[PDB]
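Dock chain L with the ligands against the given chain P, drawing on the hints supplied.
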Amino acid sequence: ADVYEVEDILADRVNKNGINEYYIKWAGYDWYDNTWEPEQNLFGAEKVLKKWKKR
Amino acid sequence: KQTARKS
Ligand SMILES: [Zn+2]
Ligand SMILES: [Zn+2]
Ligand SMILES: [Zn+2]
Ligand SMILES: [Zn+2]
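Protein chains in written order, with the working numbering: chain P, 45 to 99; chain L, 3 to 9.
Simulated from the structure, these hints should not be mistaken for laboratory data.
One thing to keep in mind: the hints can contain errors.
Unchecked claim - Below, computed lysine-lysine pairings styled on DSBU-like, alpha-carbon distance capped at 35 Å:
id	chain 1	residue 1	chain 2	residue 2
1	P	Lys69	P	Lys98
2	P	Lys98	L	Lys8
3	P	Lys97	L	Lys3
4	P	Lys69	L	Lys3
5	P	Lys94	P	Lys69
6	L	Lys8	P	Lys94
Chain P on its own, in the form it takes in the complex:
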């Protein structure tokens, strides 16, 4: 439903709850649509997340 394709992860931060959030480039959406998402929202994006974490 509110689920979209991830093009890439661009940055990360820890919020106030100590949860990692990731700055997402959404495939097919322009850079003004980028959003910070908590780690759980990346359930469908295992490969790009692990690449981001290892780099």
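Relative to chain P, chain L with the ligands alone:
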């Protein structure tokens, strides 16, 4: 194909 929930 990578998917995620967008707030
Ligand atoms: Zn479903
Ligand atoms: Zn747009
Ligand atoms: Zn827009
Ligand atoms: Zn990092």
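Against the structure, the hints come out as follows:
Distance check on the hinted pair: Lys69(P) and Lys98(P) sit about 19 Å apart at the alpha-carbon level, within 35 Å; holds. Between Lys98(P) and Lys8(L), the direct Cα distance comes to roughly 23 Å. Compliance with the 35 Å bound is thereby established for this hinted pair. The hinted pair formed by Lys97(P) and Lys3(L) meets the criterion: a straight-line CA distance of about 18 Å does not exceed 35 Å. Proximity of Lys69(P) to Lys3(L) is assessed by CA-CA distance (about 14 Å); at most 35 Å being required, the pair is judged to hold.
With a CA separation close to 16 Å, the supplied pair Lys94(P) and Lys69(P) stays within the 35 Å bound. At most 35 Å may separate the alpha-carbon atoms for a hinted pair to count; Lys8(L) and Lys94(P) meet this at roughly 19 Å.
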